[PDB]
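J.: Next come the chains, spelled out residue by residue.
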Amino acid sequence: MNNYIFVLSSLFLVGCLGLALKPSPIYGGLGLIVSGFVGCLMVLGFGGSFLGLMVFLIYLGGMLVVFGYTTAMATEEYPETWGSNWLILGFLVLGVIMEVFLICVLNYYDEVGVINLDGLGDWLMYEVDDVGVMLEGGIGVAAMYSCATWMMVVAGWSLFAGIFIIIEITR
Amino acid sequence: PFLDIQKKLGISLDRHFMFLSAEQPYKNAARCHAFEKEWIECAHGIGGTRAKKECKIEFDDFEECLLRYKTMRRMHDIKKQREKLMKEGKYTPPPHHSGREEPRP
Amino acid sequence: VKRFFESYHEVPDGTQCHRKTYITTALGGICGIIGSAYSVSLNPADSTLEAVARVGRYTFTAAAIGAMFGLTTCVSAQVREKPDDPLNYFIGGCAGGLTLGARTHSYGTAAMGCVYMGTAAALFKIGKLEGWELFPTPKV
Amino acid sequence: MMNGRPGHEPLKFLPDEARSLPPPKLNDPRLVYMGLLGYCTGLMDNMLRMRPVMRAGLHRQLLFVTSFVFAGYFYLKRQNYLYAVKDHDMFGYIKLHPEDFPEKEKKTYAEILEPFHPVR
Amino acid sequence: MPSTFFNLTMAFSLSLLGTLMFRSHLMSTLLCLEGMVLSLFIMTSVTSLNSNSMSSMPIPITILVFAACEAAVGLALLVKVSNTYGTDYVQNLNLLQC
Amino acid sequence: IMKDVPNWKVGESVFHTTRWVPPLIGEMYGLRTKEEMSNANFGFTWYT
Amino acid sequence: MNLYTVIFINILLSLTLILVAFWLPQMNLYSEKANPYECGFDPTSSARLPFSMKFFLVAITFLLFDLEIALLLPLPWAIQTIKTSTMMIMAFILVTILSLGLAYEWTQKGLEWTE
Amino acid sequence: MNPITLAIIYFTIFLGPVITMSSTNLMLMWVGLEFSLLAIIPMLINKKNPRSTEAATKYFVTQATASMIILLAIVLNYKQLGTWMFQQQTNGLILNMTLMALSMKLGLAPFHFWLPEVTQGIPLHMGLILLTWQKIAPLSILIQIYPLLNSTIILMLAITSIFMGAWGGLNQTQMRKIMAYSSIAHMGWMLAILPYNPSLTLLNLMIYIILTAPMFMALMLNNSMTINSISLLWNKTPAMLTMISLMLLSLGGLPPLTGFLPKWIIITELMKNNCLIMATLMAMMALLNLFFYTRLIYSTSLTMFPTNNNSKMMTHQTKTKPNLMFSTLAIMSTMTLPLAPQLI
Amino acid sequence: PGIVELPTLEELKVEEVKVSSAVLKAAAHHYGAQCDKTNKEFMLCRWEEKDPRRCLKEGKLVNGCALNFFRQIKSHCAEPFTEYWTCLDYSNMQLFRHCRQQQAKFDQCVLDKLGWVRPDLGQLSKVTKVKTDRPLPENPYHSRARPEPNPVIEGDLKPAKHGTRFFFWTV
Amino acid sequence: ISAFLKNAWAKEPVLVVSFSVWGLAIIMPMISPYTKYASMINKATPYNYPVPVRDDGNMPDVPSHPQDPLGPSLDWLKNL
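Going line by line, the protein sequences match chains A, B, C, D, E, F, G, H, I and J.
Residue numbers for the first sequence follow this note's numbering, so the first one is 1 and each next one is one higher.
Residue numbers for the second sequence follow this note's numbering, so the first one is 1 and each next one is one higher.
Residue numbers for the third sequence follow this note's numbering, so the first one is 1 and each next one is one higher.
Residue numbers for the fourth sequence follow this note's numbering, so the first one is 1 and each next one is one higher.
Residue numbers for the fifth sequence follow this note's numbering, so the first one is 1 and each next one is one higher.
Residue numbers for the sixth sequence follow this note's numbering, so the first one is 1 and each next one is one higher.
Residue numbers for the seventh sequence follow this note's numbering, so the first one is 1 and each next one is one higher.
Residue numbers for the eighth sequence follow this note's numbering, so the first one is 1 and each next one is one higher.
Residue numbers for the ninth sequence follow this note's numbering, so the first one is 1 and each next one is one higher.
Residue numbers for the tenth sequence follow this note's numbering, so the first one is 1 and each next one is one higher.
With the rest of the complex left out, here is chain A:
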C-alpha cells in the first residue's frame, strides 16, 4: 500500500483529461466530482482532512447548480458523451497511452528527481512531529480569525459584492 498516492494522482489526471475533452456538462461534472473526491483522498494521504472534505462539499454544491443550468441552457438533443465521438475516444485512449509512455520515459531519462517508480512511497510526509497536539489543519484555516484577519475580510467582501454583481448581471 505504497502506490496509493500515485494511483490517486493518475486517476485525477485521467479525470481532468476526460474533462478537457469536453463532453456534455453532465458527464463533465461527473468527472469533476470524481476528480474532487480523488483530490480529497490524496490531500488526506498527505495528512489533510478538513481541506479535502471542504473540496468535496464545495464542488458538490457547485456541480448541483451546474446540472441545473445545463439542463436549462447547455443541453442538446444528443448530449455527445465520450464514446459518441470516435475522435474523442481516440484522444482519450491516446492520452492514457501517452501518460504511460511518458512516465516510463521520465523513469529512464533521469535516475530520480521527476518520477521515481522504484522509490515510491518513501517520500510522502517529510518530518512528522511524532509527538504533537493542536497540529492538524483547521488551526491554520482558523487563523483567518487570528493572525490572518485580512484573508477573511477580503473573501467576505468578495462574496458580498458578488451578490450585487450577480443581481445586476441577471437584471
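Any given hint could be a false lead.
Listed below are the simulated BS3-like cross-link pairs for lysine-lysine, each with C-alpha atoms no more than 25 Å apart in a straight line [as the list claims (entries may be wrong)]:
id, chain 1, residue 1, chain 2, residue 2
1, F, 3, B, 87
2, G, 83, J, 6
3, D, 77, I, 161
4, D, 104, H, 272
5, D, 86, B, 7
6, B, 80, B, 90
7, D, 104, D, 12
8, I, 25, J, 78
9, I, 126, J, 6
10, B, 37, I, 50
11, F, 3, B, 7
12, C, 2, C, 125
13, B, 70, I, 25
14, B, 27, I, 161
15, F, 9, B, 87
16, I, 126, H, 272
17, B, 56, C, 139
These are calculated hints, taken from the structure and not from any lab test.
With the hints as your guide, set chains B, C, D, E, F, G, H, I and J onto chain A.
T.: Coordinates of chains B, C, D, E, F, G, H, I and J only, in the frame set by chain A:
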C-alpha cells in the same frame, strides 16, 4: 511593493506570513525553519544581486532541505546497489531490516 | 538544438555550402510552420485537406526562400572571395525575394521582397560582424 | 532604481534632507510656465462651455493659476531633492570605488598624432 | 510527492489546453476552469502539509472563494447568452468584428 | 553495501553546514521493510 | 483499510443485488415497453430540450452561501485561541455582511422566481 | 443601477488594484486582479444587448485563464521556495508563464485579439476604465519583478504589440477600436523598457492615460463612435478641434508635445543598453501609428465634412458636459515638454 | 561533503523502563514533582542545543530517575497503583474522570509513605528556572560569518552640479 | 413606532427575533464579567511544552520547581 502603505502605517496585513519561518498558530516549527531563517538573515542589508552570490551556500542548504533531491538520489543509489548484490547472491540483510528486531523502549 | 543553428558561424561563408544551405532551409521551414499555424487557427479553411495544403504551401515556400538564400550566400562568398562582405547576403536575400515572387506569382512582390530581404540580410551580417546584440541583457 | 536606497522612507514627499536644499525663487521660469498652463486651462474651459474668454471666470482662472503654481513649487522641490540624491550617491560611489574610475590624465596635441584627411 | 506534484501540474496543463481549445459549448470551458482551480488547490494544500506551514493553509480557501465567484459570474453571463441567442453555443458571438 | 563503488563517503551529508538536520521518514525506514514504511505514513491517518 | 473495506463491501452488495435483479428474472423485450412513459400517450417532443429554470439566481447565491459556510466552519478551532475578540468581531462582521446581502437580494426580489 | 450597488462596484474596482499594490503576497495580488475582473463586468453589461454580453463573456473568459496561469506560477514558486514572493533564483519558466499571462491580461500582441472587440462592445465609459485603471495593477506585478524578466520575449511582445497596433488602427472606422490599438502600441512601448529603468514605464502610462481620458470624453460629448460622427463636430462642438488635434498629435509622438517625450527617453535608455535596431523599428512603426491619427484629424478639423439639417437643434440647445478636467488633462498634455526633467 | 558523526550502539544502551502508557499517565503527576530537575535540565540541553547527539547522558539520567521513581512505587503502593492504572487502561482516551476513587487511594498511600504531595491544576505548566554547570552554546545553528552590508554614503547633500544634466535644460 | 413593532411582532415575528438576537449577541459580551476568563482559559491550556529558562541568578519571580508559590496560579479556574 509598489505602494508601501503598510510600512508607512506600521501595520502588517499580509507581510507576516510570507515565508515558512513565520509564526505558525501554535508554535510548531515548519520544516527548514532554520535554513530559511539563515538564508534570510544572511540576505539582509544586502539586496539581490549580491545576496545571490554571498548567501548561496545557505540557499543551497535550504533548497536541499525543502525539495530534498540529494537524499533521494543517495537512497536510490544505495537501494540499487543493494538489489544488485542481493541478485548476485552476495548480500543478506540483517534481522532488524526484514522485520525481526528487539524494539528499543 | 541551438547548437545546430549556431554552427552556421563556425566556418565562414564560401565553406560548407550544403551545411549552411539546409540549415537555413530548416530555419525557413520552421518559420513557415509558425505562419501556417497562425493562418489555420485564424482564418481556417473549409476542410482539413485544404488546411494541410495551405500548410505545405507555406512551409515549402519558406524552405525554398531559405535554401536559395543559403546557396547564394555561400556561392557568392566562394566566388569573389570576400566572406566579410554583406553584399553576398544582399544577393542571397534578393534570390529569396525572387523565389517569393515565383511561388506567389507577382513581380511587385518579387522586387519588394528582394530589396527588403537583401537590406535585412546585409544588416544581419553587419550585426554578426560588428557585435550587435538584439535582445541585450540589462547592463546600463 | 533608487527606491532601495538606505534611509528611503516609504511614501515620503519631502524628507528633512531636502530642507538643506535651496528652494526655488518663486519667480522661476517653469513655475510661471505652470501659471501660464493654468491660465490657458481656464481659457480653454471657457471656450469649451461657450463662455467669454478672458472675461468670464476670473475666480476660476485665479484658482487654476494658484493650483498649478502651488503644486509645481513642491513637486519641483521634490525633483531637485531627487537629482541631488542622484549626484550625492554618484560622487560617494566614485569616492568608494576609485580603482574603477582611475585618475586619468591625457597628453597634448604635440605628443599624439591624429591622421590627416585631405579634402582636395 | 514529486510524482503527484508532476501529475497535478500535467492535470492543470490538460485543463488549460481544454479551456483554450473550444467546442460549441461554454459551460465545458467553465468546467475546465473549475478543474484548473481544483488542481491548484490540491498543489497548494499538499505543499502546505508537506512543509507543515499552517500559516499558508488559509490560501486554498481563498482560492475556492474567488474561483466559485468566477464560476458564479460566468454562469450569469451564460444566462444572458441563452436569453439572447437561445442555444448556448459559442459560434454565435461573432458580431463584434463588424 | 557500497564497498564495491569507486568513490563514496558512507556517512556523508548533503549540506555544507555542520549542525544537526533531523532526519525524515525516508532516510530512516528507507532500508527497512515496506510495512514499517506504510506504518510511518498511513498509521495515524489510516486510524487504529 | 477499514473504511475502504466497508465501502468496498457496500459497493459489492449493490452490484451483486443489481446482477441479481437483471439476470434472475425472465424477459420479454419489445419497443412498446422500452419507449418512454409520458402518461399513456407518446411524447410530443424530447426530454433533452432546454428546461427553463426560475431559481437560477438563488442557485448562484447558494454557491456563495456555501463558500460562506466554508469560511464559518473553522470556528470550533478558532474559539480555542487566546485573543477571542478579533475572532468575535470578524465572525460578527462575516455573519452580518452575509445577512445584509441576503436582505438586499430579498428586497430586490431575487429570492422570488421569474414568473 | 441603484446607488448602493454602484458604491459597492466602484469601491471594489478601486480596491482591486489598491490591493494589488499594497500586497507583498502574490496571492493577494491575484485577489486584487480578480476583484477588478469581477466588478468590471456589471458595467460592461449594463445596457444588456448582444454586443455587451459578448464583450463581457470574452473579457471574463480571457482574464480567468490568465488569472489561473498566474496562480500556477505562484503555487510553483511556493513549492520551490516556500514563499509567496518572486525572489531571485526562481525558474525562468515560472517567470515567463507569469509574463505571458499578464500580457494576456493587458492586451499585448499576440494576445491582443480580445481588446478591440471588447472596447467596441461597450460604452465610451468602461472603455476609459478598461484602458486606464485596469492596466495599472498588471503593470505593478511586472514593475515589482523587473530584474527577473527575460529581455528577449519582453521585447518580442513589445515589437509585436507595436506592429499589430499600428496595422490594426490603420483601417478602423470605429474609434473605440482605434483607442484600443493605441493602447496596445503604448503598452508595447512600456513593456519594452520595463526591464530598463521602470520609472519610464509609469511615465508613459501616465502620459497615455492623460491623453486617452480626454479623448474618450471628447467622444462622450456627442456619443461619437465613428469617423463620420466625429466629423460632424465643427457644427456641434467646434471649440474642441484644437485640443483633439494637439492630443492626437501627442498620442502619435511629435516633438513639441509631451507625447514624444516617452518615446524619446525610452529610445535613450534603450540605446544606453545597445537595444539599437529594435528601438529603430519601434520608432519607425510609431509613424504608421501616427498616420491614422493624421487622417482622423483631417476628417474632423482641417477639411470639415458635410453636416445634417437636424444638427441645428443642437446649435439651439445648450450643453453642460465638459467636466473642468478635460481642459486640465489636455493642457498638461500637449504643452508640458519643457517640464520633462521634472517628469522623467 | 562533510560526514555525520553518530554515536555507537553502546553509547545508546540504557536501563529502560519497559512500561506501558496507562501506568505511566497514572504516575505522571508525581513524576512531574519528583524527578523534575533532571527532566528540565535535559529539556534545556535538548532545546538550547539543537543536537540530540550532545544530550545522551542527560537522557540516561532521566531514565534512571524514572527507574528509581517506579522502584519506590514498587516498594510501597504497588497494588493500589496497579488497581488505579488497571481501571485507567480500560478507557479509550485514558481519562482520569472515570478513575477517581482510585486516585484517592494511590495519593493517600504515597502521601503516608514517601510523603509525596500531588501538584495542583496548573503547577506543571510554567517555566521553572534550572541551573547547570554547563556553558551556553556559542553560536547555535552554526551560523556562518555574515557578509558586511554595503557602506552608507556620508554627507549633507547639496544642489545637483549644474542642475539637471538632461539634454539642454540649463537649470 | 411602538405600534409598528407591536404589528411586526404579529406579522413577521421571525425577523424580529433575528434582529433582537443579533443585537443581544453583540451587546451581552460587553456587559458580562465572565468574558475575560475565556481568553485566560485559552491561554492556560498547555498544548506545547513550557521550555525552562537558564538560571542567571537574577530570576527571583520565576520558580525553580513546579510546586512553588511563584508563577501564574490557576486557582481562579478552580472554585470559579
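J.: It remains to establish, for every hint, whether it holds in the given structure.
T.: Cross-check of the supplied hints:
1. F/3 to B/87: Answer holds: residue 3 of chain F to residue 87 of chain B is near 16 Å, not above 25 Å.
2. G/83 to J/6: Violated, at about 40 Å.
3. D/77 to I/161: Holds - the C-alpha atoms of residue 161 of chain I and residue 77 of chain D are around 16 Å apart, at most 25 Å.
4. D/104 to H/272: holds, 23 Å
5. D/86 to B/7: Roughly 24 Å between the alpha carbons, so the hint for residue 86 of chain D and residue 7 of chain B holds.
6. B/80 to B/90: Holds, at roughly 14 Å.
7. D/104 to D/12: Violated, at about 40 Å.
8. I/25 to J/78: Status holds; Cα separation ~22 Å.
9. I/126 to J/6: Roughly 57 Å between the alpha carbons, so the hint for residue 126 of chain I and residue 6 of chain J is violated.
10. B/37 to I/50: With Cα atoms ~15 Å apart, residue 37 of chain B and residue 50 of chain I stay inside 25 Å; holds.
11. F/3 to B/7: At roughly 59 Å apart (the allowed maximum being 25 Å), residue 7 of chain B and residue 3 of chain F break the hint.
12. C/2 to C/125: Distance of about 19 Å is within 25 Å: holds.
13. B/70 to I/25: violated, 42 Å
14. B/27 to I/161: violated, 55 Å
15. F/9 to B/87: holds, 24 Å
16. I/126 to H/272: violated, 65 Å
17. B/56 to C/139: The given pair, whose Cα atoms are some 23 Å apart, holds under the 25 Å limit.
In this structure, the hints that do not hold are numbers 2, 7, 9, 11, 13, 14, 16, in rising order.
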